[PDB]
Amino acid sequence: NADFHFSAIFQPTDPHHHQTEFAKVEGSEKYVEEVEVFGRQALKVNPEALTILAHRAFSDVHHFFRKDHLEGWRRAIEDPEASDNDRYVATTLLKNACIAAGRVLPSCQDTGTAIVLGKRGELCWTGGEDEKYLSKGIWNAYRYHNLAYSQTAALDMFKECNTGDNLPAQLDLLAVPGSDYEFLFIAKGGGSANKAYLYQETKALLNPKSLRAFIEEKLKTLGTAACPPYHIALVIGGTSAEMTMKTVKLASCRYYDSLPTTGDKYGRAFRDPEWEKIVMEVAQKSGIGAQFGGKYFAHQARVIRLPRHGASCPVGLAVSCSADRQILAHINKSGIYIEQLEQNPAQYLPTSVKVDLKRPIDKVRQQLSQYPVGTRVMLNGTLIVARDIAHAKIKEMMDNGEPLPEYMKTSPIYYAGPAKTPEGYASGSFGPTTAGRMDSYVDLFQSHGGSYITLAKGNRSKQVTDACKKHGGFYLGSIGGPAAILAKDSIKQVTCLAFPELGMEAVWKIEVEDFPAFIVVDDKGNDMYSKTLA
Amino acid sequence: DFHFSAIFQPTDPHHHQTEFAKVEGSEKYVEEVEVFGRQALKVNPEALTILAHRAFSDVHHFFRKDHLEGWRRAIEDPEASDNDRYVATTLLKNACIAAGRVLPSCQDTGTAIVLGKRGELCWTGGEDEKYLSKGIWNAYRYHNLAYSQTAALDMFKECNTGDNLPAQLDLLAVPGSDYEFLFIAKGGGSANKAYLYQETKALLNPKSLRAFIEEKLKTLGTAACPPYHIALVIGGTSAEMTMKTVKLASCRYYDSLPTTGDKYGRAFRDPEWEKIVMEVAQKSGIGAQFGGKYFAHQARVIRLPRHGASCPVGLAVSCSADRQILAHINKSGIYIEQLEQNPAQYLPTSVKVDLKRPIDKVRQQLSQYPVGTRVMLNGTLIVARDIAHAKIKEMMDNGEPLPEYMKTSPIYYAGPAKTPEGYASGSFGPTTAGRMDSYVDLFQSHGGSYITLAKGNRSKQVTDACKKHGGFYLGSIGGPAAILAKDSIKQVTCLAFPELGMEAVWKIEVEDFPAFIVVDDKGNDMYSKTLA
Ligand SMILES: O=C(O)/C=C/C(=O)O
Ligand code: SF4
Ligand code: SF4
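Chains A and B are the protein sequences, given in the same order. When you line the first sequence up against PDB author numbering, it's residues 26 to 375, 385 to 568, in that order. When you line the second sequence up against PDB author numbering, it's residues 28 to 375, 385 to 568, in that order.
Hints listed in this document are in silico derivations from the structure and should not be mistaken for laboratory results. Misleading hints may appear alongside valid ones.
[Unchecked claim] In silico contact screen, one side only, chain A against chain B (beta carbon under 10 Å); selected entries:
id, residue
1, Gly153
2, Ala179
3, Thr455
[Claimed, not checked] List of simulated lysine-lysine pairs, DSBU-like, C-alpha gap at most 35 Å:
id, chain 1, residue 1, chain 2, residue 2
4, B, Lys388, A, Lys243
5, B, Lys245, A, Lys245
6, A, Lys120, A, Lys49
7, B, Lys243, A, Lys245
8, B, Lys234, A, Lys245
9, A, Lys234, B, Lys245
10, A, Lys49, A, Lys245
[To be verified] Covered stretches of chain B, as calculated for chain A (at least 3 residues, CB under 8 Å):
id, stretch
11, 149–161
12, 200–207
13, 219–227
14, 293–303
All C-beta atoms in this analysis are idealised placements derived from N, C-alpha and C, irrespective of residue type, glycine included.
Required output: the full structure, derived from the provided sequences and hints.
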């Protein structure tokens with residue numbers, strides 16, 4: 026008991042998040058009861074309060090965003106240095122927030138995995154069944170709202186099925202001092218969750234030349250498949266891999282913003298605003314921008330430097346996609362407090387080649403070949419919808435003798451999946467999905483008469499541009515993210531066509547009007563991303 | 028239509044299959060009480076200090092049964108190569124020196140990792156992290172361990188903490204009144220072999236997955252001191268949830284999980300693919316660091332639920348310094364997992389090289405032998421690792437010449453633990469060679485680093501520099517840090533950068549140092565058959 030000083034790794038100057046605006050659930054003070062046991066102050070919390078909080082959290086988060094997420098779209102619209110595509114995407118996204126704020130449609134069709142970061146106090150007593158009540162609140166949120174069941178169960182190593190409730194949830198409940206119960210609810214979409222990268226580097230990385238080249242290199246690997254502008258988060262170091270990958274996501278959700286900006290002899294975590302700006306240079310000098318070239322590739326950056334083993338240096342990269350969905354909350358003696366989000370997003374709000391898709395496919399391919407890559411396109415016609423699990427069955431068909439089905443050859447293939455349908459609505463949120471995940475099917479399906487035109491979001495591999503030039507194909511790129519405004523304004527009629535047992539991932543025929551898209555990969559060999567990402 | 032199903036449903040959550048020993052006189056730190064009809068437990072927070080102290084002390088000297096049962100199996104198996112028996116015997120012998128409680132099992136005493144599960148009605152005062160850190164502080168300060176943590180004064184300026192703090196303190200909230208623990212001393216090498224891959228649906232088929240495992244296992248190489256406890260996790264709710272699950276699988280925390288999934292997407296062990304990984308490991312021929320069958324002790328494959336668009340896969344290993352201890356505090360006191368106190372019950385050609393000659397006279401002798409030749413070094417070694425190279429390259433990048441100590445003796449990539457009383461040195465095992473690969477061609481172009489001594493395979497950029505500059509890379513046995521200090525290392529002297537802890541520059545006098553020629557001056561590599 027001498028030269029010992031304890032210093033926690035994370036020492037935030039606002040641990041209880043006072044800078045965040047909270048709203049109180051009306052009549053929630055009845056779910057708590059202050060008691061005194063062995064001289065210490067405790068809080069008997071009704072476990073039903075965990076169900077109600079998760080319900081309101083995972084409901085109101087799919088319709089609203091924080092200020093700094095909307096302040097990044099408006100900045101992308103008003104900044105002169107933003108490309109004409111930067112303003113177009115940011116306006117289309119900011120408009121999608123207004124349609125989503127109407128509480129009828131979710132902000133994105135990928136309602137995301139239910140993630141809960143709970144911190145139960147030493148003297149906060151709920152009965153122990155915290156997970157069951159929290160899961161019931163998530164179960165209530167996705168069953169009684171126009172959300173989507175996104176979780177895939179594993180019956181064995183390969184046989185899979187959907188759960189039908191967007192469960193199970195990531196329930197990481199921590200033990201903390203005190204008697205209060207603090208939360209951070211996250212609905213992390215699949216695309217952003219897939220752009221969480223772990224690199225195991227060495228001491229040779231720790232110098233301003235190498236680290237900058239590392240950032241230049243790794244930021245391009247994120248690409249546009251996670252619907253930029255991103256909230257880029259970067260963590261250098263850590264006590265373990267999982268501690269690094271957990272810290273980078275909390276940085277993306279902006280949980281560690283109140284951390285100090287200087288380290289010490291005790292190895293405390295700290296934000297580095299110097300290199301937060303250096304990260305903003307790489308993002309803005311990349312020219313990748315808002316999905317289609319420009320300056321605003323990232324809303325903002327968060328860089329956290331952690332302690333590390335003398336032999337270890339794990340670094341973590343992750344982003345928060347355009348569907349920035351996180352909510353802070355806490356339960357105390359005063360009741361249930363939940364973070365307020367911007368209810369009115371319109372206050373942040375201040385040439386196209388009409389393509390007919392009702393013509394023969396080869397007559398539509400001829401029209402698209404008349405224009406170079408980067409051409410703004412407005413689709414009007416029929417689209418076939420199919421994604422990963424639908425593709426997995428058609429290749430399984432062709433691997434046994436069955437031919438490529440006819441519906442793949444008639445209309446452009448729209449890599450997407452619909453959310454649940456509201457009452458009196460033509461469809462729920464029906465935004466595009468990551469294109470690069472179905473890259474392995476392009477050359478095969480094109481060799482059998484179909485998939486000549488594909489419609490999705492995100493850059494694709496070189497194997498697709500090669501397959502498109504050979505078979506005379508195209509890859510159309512929709513605006514990734516605006517799933518709500520595409521459902522209300524653009525999508526007019528939806529009809530399940532094949533594999534109805536697959537839920538949202540079935541084969542759908544949809545009639546579409548005024549669908550924004552860009553020609554990024556043509557039948558000649560050009561790619562709109564080869565300048566920014568290759 | 029709501030049914031709650033937790034992701035992890037272990038059939039032995041409290042780890043009854045693990046044998047626990049009670050700290051004598053620990054029942055005074057607990058008191059069973061009854062509050063609002065439910066049973067609670069007042070735990071003195073000083074009990075957290077004693078448990079963490081005892082845990083991080085006895086874990087550097089003893090191992091579990093299945094870790095020692097894997098070395099004995101590697102010695103007795105007929106299909107094991109003569110090198111498989113040699114490494115497993117040298118490691119198993121190293122445990123006997125370490126079981127003496129004077130020397131740690133490995134020079135890398137590892138990062139202090141604690142997975143605590145405090146019950147809803149387990150009361151400690153809230154200072155669990157402080158008291159757990161004090162117990163870790165006592166363990167590494169009052170024992171012959173090593174301070175492995177590096178603080179960050181800014182983005183690049185660094186310094187050591189001098190106490191092996193901070194610790195990874197992951198305290199979870201669980202029902203009940205008990206406080207259950209898992210103490211881990213994760214070494215650097217095994218912690219650097221934690222890999223996160225973002226894969227797709229196209230991976231989920233027996234053809235792709237088997238070849239995927241074949242592909243990624245080669246990346247582990249021998250740089251993490253095999254035989255490994257290979258762990259593989261397919262799926263997860265997030266990257267961090269996957270990387271957490273794979274490490275617990277490496278520490279064998281999820282062994283009591285079911286073996287079948289259900290419509291609720293519960294986690295489960297896949298014994299079918301646990302063997303498939305063991306086939307690839309045994310059919311790889313990489314073996315115990317130098318070719319053979321026993322590349323891995325055992326495998327653990329866990330299949331998690333996943334997003335319909337996500338498929339995170341996790342790869343991690345537990346190195347030869349497999350250090351984990353389970354514990355729990357209840358009304359009866361402090362119970363801590365028993366490790367094998369007597370490891371000897373699991374226990375059933386060299387080119388003598390003089391290193392006292394001029395360096396070029398020692399390089400000439402090594403060129404007479406092919407790769408894979410067993411060598412016994414006898415002479416002087418210069419010790420330098422990651423931070424020393426970063427400072428010496430900084431010297432040569434500003435005008436200062438390559439220092440004299442780099443050019444005189446073979447470069448020993450290692451770092452010593454603290455020295456016991458009346459001892460020549462503490463544990464002084466080798467370190468991962470691949471981390472100093474970026475300095476070979478530079479240092480060899482300026483007259484030094486012609487002979488390097490470490491463990492683990494290196495990149496092709498080093499084999500080119502060795503053939504070009506006429507150099508060698510000697511491969512020590514990775515892991516036996518205690519038996520190398522007692523038997524092989526006879527005299528140690530700090531040479532430069534004494535503020536760097538283990539990563540300082542050391543001059544050591546060495547006798548009978550086992551090593552293997554893996555990279556010669558011709559372009560050959562003994563791992564090109566197994567790892568390329
Ligand atoms: O595992 C390593 O390579 C590091 C060993 C050390 O701390 O010297
Ligand atoms: S906005 Fe894009 S990245 Fe985010 S969840 Fe929706 S589709 Fe995925
Ligand atoms: S046994 Fe090898 S990998 Fe494990 S800590 Fe020691 S040196 Fe590192």
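Hint by hint, here is what the structure shows:
With a cut of 10 Å, the hint placing A:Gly153 at the interface with chain B holds, because the nearest CB-to-CB distance is about 3 Å. The beta carbon of A:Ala179 comes within 5 Å of a beta carbon in chain B, closer than 10 Å, and the hint placing it at the interface holds. The restraint placing A:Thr455 at the interface with chain B is violated, with a minimum CB-CB distance near 18 Å, outside the 10 Å limit. With a CA separation close to 47 Å, the supplied pair B:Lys388 and A:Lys243 exceeds the 35 Å bound.
A distance of roughly 27 Å separates the Cα atoms of B:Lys245 and A:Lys245; the hinted pair therefore holds under the 35 Å criterion. Among the hinted pairs, A:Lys120 with A:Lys49 is consistent with the structure: their alpha-carbon atoms are about 29 Å apart, no more than 35 Å. The straight-line distance between the Cα atoms of B:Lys243 and A:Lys245 is roughly 23 Å, inside the 35 Å bound, and the hint therefore holds. In summary, the hint linking B:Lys234 to A:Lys245 is supported, as the alpha carbons are separated by about 31 Å, within the 35 Å threshold.
This hinted pair checks out: A:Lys234 and B:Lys245 have alpha carbons roughly 30 Å apart, not beyond 35 Å. Proximity of A:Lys49 to A:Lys245 is assessed by CA-CA distance (about 42 Å); at most 35 Å being required, the pair is judged violated. Coverage of the stretch 149–161 of chain B by chain A holds [criterion: at least 3 residues with CB-CB distance below 8 Å; count 10]. Evaluation of the coverage hint for the stretch 200–207 of chain B: fulfilled, as 4 residues show C-beta separations to chain A shorter than 8 Å, against a requirement of three.
A stretch counts as covered by a chain when three or more of its residues have a beta carbon under 8 Å from one of that chain; for the stretch 219–227 of chain B and chain A the count is 7, and the coverage holds. Proximity of the stretch 293–303 of chain B to chain A, defined as three or more residues with a beta carbon under 8 Å from a beta carbon of that chain, is established by the 5 residues found.
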